[PDB]
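Once you've looked at the hints, dock chain B against the given chain A.
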Amino acid sequence: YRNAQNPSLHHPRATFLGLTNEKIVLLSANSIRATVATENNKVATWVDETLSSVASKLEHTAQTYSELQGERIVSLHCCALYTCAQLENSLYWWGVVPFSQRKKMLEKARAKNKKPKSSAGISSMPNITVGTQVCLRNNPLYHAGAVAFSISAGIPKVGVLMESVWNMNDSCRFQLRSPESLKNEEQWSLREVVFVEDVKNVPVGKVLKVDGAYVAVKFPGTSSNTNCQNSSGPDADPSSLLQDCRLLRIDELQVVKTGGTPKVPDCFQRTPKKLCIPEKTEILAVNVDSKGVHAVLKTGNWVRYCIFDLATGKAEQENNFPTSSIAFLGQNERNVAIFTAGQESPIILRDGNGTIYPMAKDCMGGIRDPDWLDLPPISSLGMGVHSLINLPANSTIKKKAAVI
Amino acid sequence: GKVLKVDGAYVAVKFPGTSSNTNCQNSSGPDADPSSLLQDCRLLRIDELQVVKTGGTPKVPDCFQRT
Numbered sequence: 401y402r403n404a405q406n407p408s409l410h411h412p413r414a415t416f417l418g419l420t421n422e423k424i425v426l427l428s429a430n431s432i433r434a435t436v437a438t439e440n441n442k443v444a445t446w447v448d449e450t451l452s453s454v455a456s457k458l459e460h461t462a463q464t465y466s467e468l469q470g471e472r473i474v475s476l477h478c479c480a481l482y483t484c485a486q487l488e489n490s491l492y493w494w495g496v497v498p499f500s501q502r503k504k505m506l507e508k509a510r511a512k513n514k515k516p517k518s519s520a521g522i523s524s525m526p527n528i529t530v531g532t533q534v535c536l537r538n539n540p541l542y543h544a545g546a547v548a549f550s551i552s553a554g555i556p557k558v559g560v561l562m563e564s565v566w567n568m569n570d571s572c573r574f575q576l577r578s579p580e581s582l583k647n648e649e650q651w652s653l654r655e656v657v658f659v660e661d662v663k664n665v666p667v668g669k670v671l672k673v674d675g676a677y678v679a680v681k682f683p684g685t686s687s688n689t690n691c692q693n694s695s696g697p698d699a700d701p702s703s704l705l706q707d708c709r710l711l712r713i714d715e716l717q718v719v720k721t722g723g724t725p726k727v728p729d730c731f732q733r734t735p736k737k738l739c740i741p742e743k744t745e746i747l748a749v750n751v752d753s754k755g756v757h758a759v760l761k762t763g764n765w766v767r768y769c770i771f772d773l774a775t776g777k778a779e780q781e782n783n784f785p786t787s788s789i790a791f792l793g794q795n796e797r798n799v800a801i802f803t804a805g806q807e808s809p810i811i812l813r814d815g816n817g818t819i820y821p822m823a824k825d826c827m828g829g830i831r832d833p834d835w836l837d838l839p840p841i842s843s844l845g846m847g848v849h850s851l852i853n854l855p856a857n858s859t860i861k862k863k864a865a866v867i
Numbered sequence: 668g669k670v671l672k673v674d675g676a677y678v679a680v681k682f683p684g685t686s687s688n689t690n691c692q693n694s695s696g697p698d699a700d701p702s703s704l705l706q707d708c709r710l711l712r713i714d715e716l717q718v719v720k721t722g723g724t725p726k727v728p729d730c731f732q733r734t
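These protein sequences, in sequence, are chains A and B.
Quick note, the first sequence lines up with residues 401 to 583, 647 to 867 if you use full-length UniProt numbering.
Quick note on numbering: full-length UniProt numbering labels position 50 of the second sequence as 717, and the sequence is numbered without any gaps.
Be a bit skeptical, because a hint or two may be false.
Stated by the list, open to error - In silico DSS-like pairs for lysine-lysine, Cα to Cα no more than 30 Å straight-line:
{"#": "1", "chain 1": "A", "residue 1": "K720", "chain 2": "A", "residue 2": "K514"}
{"#": "2", "chain 1": "A", "residue 1": "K503", "chain 2": "A", "residue 2": "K517"}
{"#": "3", "chain 1": "A", "residue 1": "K517", "chain 2": "A", "residue 2": "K720"}
{"#": "4", "chain 1": "B", "residue 1": "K720", "chain 2": "A", "residue 2": "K669"}
{"#": "5", "chain 1": "A", "residue 1": "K515", "chain 2": "A", "residue 2": "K663"}
{"#": "6", "chain 1": "A", "residue 1": "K504", "chain 2": "A", "residue 2": "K777"}
{"#": "7", "chain 1": "A", "residue 1": "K517", "chain 2": "A", "residue 2": "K504"}
{"#": "8", "chain 1": "A", "residue 1": "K512", "chain 2": "A", "residue 2": "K754"}
{"#": "9", "chain 1": "B", "residue 1": "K681", "chain 2": "A", "residue 2": "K681"}
{"#": "10", "chain 1": "B", "residue 1": "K672", "chain 2": "A", "residue 2": "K681"}
{"#": "11", "chain 1": "A", "residue 1": "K720", "chain 2": "A", "residue 2": "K508"}
{"#": "12", "chain 1": "A", "residue 1": "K736", "chain 2": "A", "residue 2": "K669"}
{"#": "13", "chain 1": "A", "residue 1": "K736", "chain 2": "A", "residue 2": "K508"}
{"#": "14", "chain 1": "A", "residue 1": "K515", "chain 2": "A", "residue 2": "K669"}
{"#": "15", "chain 1": "A", "residue 1": "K583", "chain 2": "A", "residue 2": "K508"}
{"#": "16", "chain 1": "B", "residue 1": "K726", "chain 2": "A", "residue 2": "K681"}
{"#": "17", "chain 1": "B", "residue 1": "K669", "chain 2": "A", "residue 2": "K669"}
{"#": "18", "chain 1": "A", "residue 1": "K669", "chain 2": "B", "residue 2": "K672"}
As the list claims (entries may be wrong) - Far from chain A by the CB rule (all over 10 Å, computed), these chain B residues:
{"#": "19", "residue": "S687"}
{"#": "20", "residue": "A699"}
{"#": "21", "residue": "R733"}
What the hints contain is simulated information worked out from the structure, not anything from laboratory work.
Note that the Cβ used here is the ideal one computed from N, Cα and C, for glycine as well.
Bound conformation, chain A alone:
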């Protein structure tokens, strides 16, 4: 880094974070997210430089809200989706909710988005005027024209979609909104989509006429894929726009209430809340994975390995080691560590002696009795997601792998 213009300031996103005159002590960095805790017990959370345009909801300056207790944050972790922080006796997480959580929230929206549908009883006649705020009855919930980031294939990407995914388990084809275009169709999966377009923005289909028992509506940019140029100037072809209009029946529309958003909920958690942990359970180490948040809980001479679920706030999967807890605690209390990538990688557990604790699961579901490794004690372990490249015709070799 050589900032010729201003050598006193580095990391050109730093002035966005407001950390030009602050002392920082804690760092948490991964593929796309970033968080730094400063001497002012203030945590700044932000994204990569590439996703700067979406940082409005994805970047936070260093500030401790009244929701936070204001105490000394013990440590931090952050995945590609959300940030978790560790106090002495508190674990607080916030950020974009997991894909399953977003889907189940959409269920609370998609069902309620079916509000205009009448019941079995004699419903009252709706007040209808030509040009009133209504949209399409069907619930794609996401049409072409929304840009979001998917971090699959070992390389993060941000792009727009092309068709609405009717089946929430089927693949789809998108188009990247690469910055160089302003200065490729890909068959993807919906697990990695964030949908940063947020509230509304789905209905822009201005209702333009009502005739017979039908409505005439044209969405912007509904021209066909023919080689004819989409003339947006004053000399636009009337016949092309004639062939590109939409004619629907009034039964195929749902009412857009005055001031009522078509979807409503937020695909982002801006507020902290408690990751439920029992009393006196000292947290040996923390890490953020796809299933939730990893932890090692202690009470007396009792050591447990747990993964905490987002929705309930408690440890979804708790297990007691088959070996004695005194060995795992070891001589050095702090030398324990938990390692995970955040979305897709095996976990690593590090105990006091300096070496590693093997992991395997029995058919019951608990931790297998470990098979010892003859490894010497380890000091640092770097874990990362690396995508193998130049795959011949998308062979059976997997796209991504873990580097340890």
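Leaving out everything else, chain B in the frame of chain A:
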């Protein structure tokens, strides 16, 4: 009715009185305003109009005696 658009099972056909609140004269030729043709359409479907074969005179005799 001159069906100017056919899209799937739906058709856009023009009829007199299809104009919007605009009172401008119906200039549907080369100088047709896009808003004019956009708000001066009539909505029908395929199952609402029967096809008339081109070049075939419909059987419409006059019911008025002349001789």
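Hint check results:
no. : hint            : result
1   : A/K720 / A/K514 : holds (12 Å)
2   : A/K503 / A/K517 : holds (22 Å)
3   : A/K517 / A/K720 : holds (13 Å)
4   : B/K720 / A/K669 : violated (37 Å)
5   : A/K515 / A/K663 : holds (16 Å)
6   : A/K504 / A/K777 : holds (19 Å)
7   : A/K517 / A/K504 : holds (21 Å)
8   : A/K512 / A/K754 : holds (28 Å)
9   : B/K681 / A/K681 : holds (17 Å)
10  : B/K672 / A/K681 : holds (14 Å)
11  : A/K720 / A/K508 : holds (18 Å)
12  : A/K736 / A/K669 : violated (40 Å)
13  : A/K736 / A/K508 : holds (21 Å)
14  : A/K515 / A/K669 : holds (20 Å)
15  : A/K583 / A/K508 : violated (40 Å)
16  : B/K726 / A/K681 : violated (40 Å)
17  : B/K669 / A/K669 : holds (26 Å)
18  : A/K669 / B/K672 : holds (20 Å)
19  : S687            : violated (7 Å)
20  : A699            : violated (5 Å)
21  : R733            : holds (39 Å)
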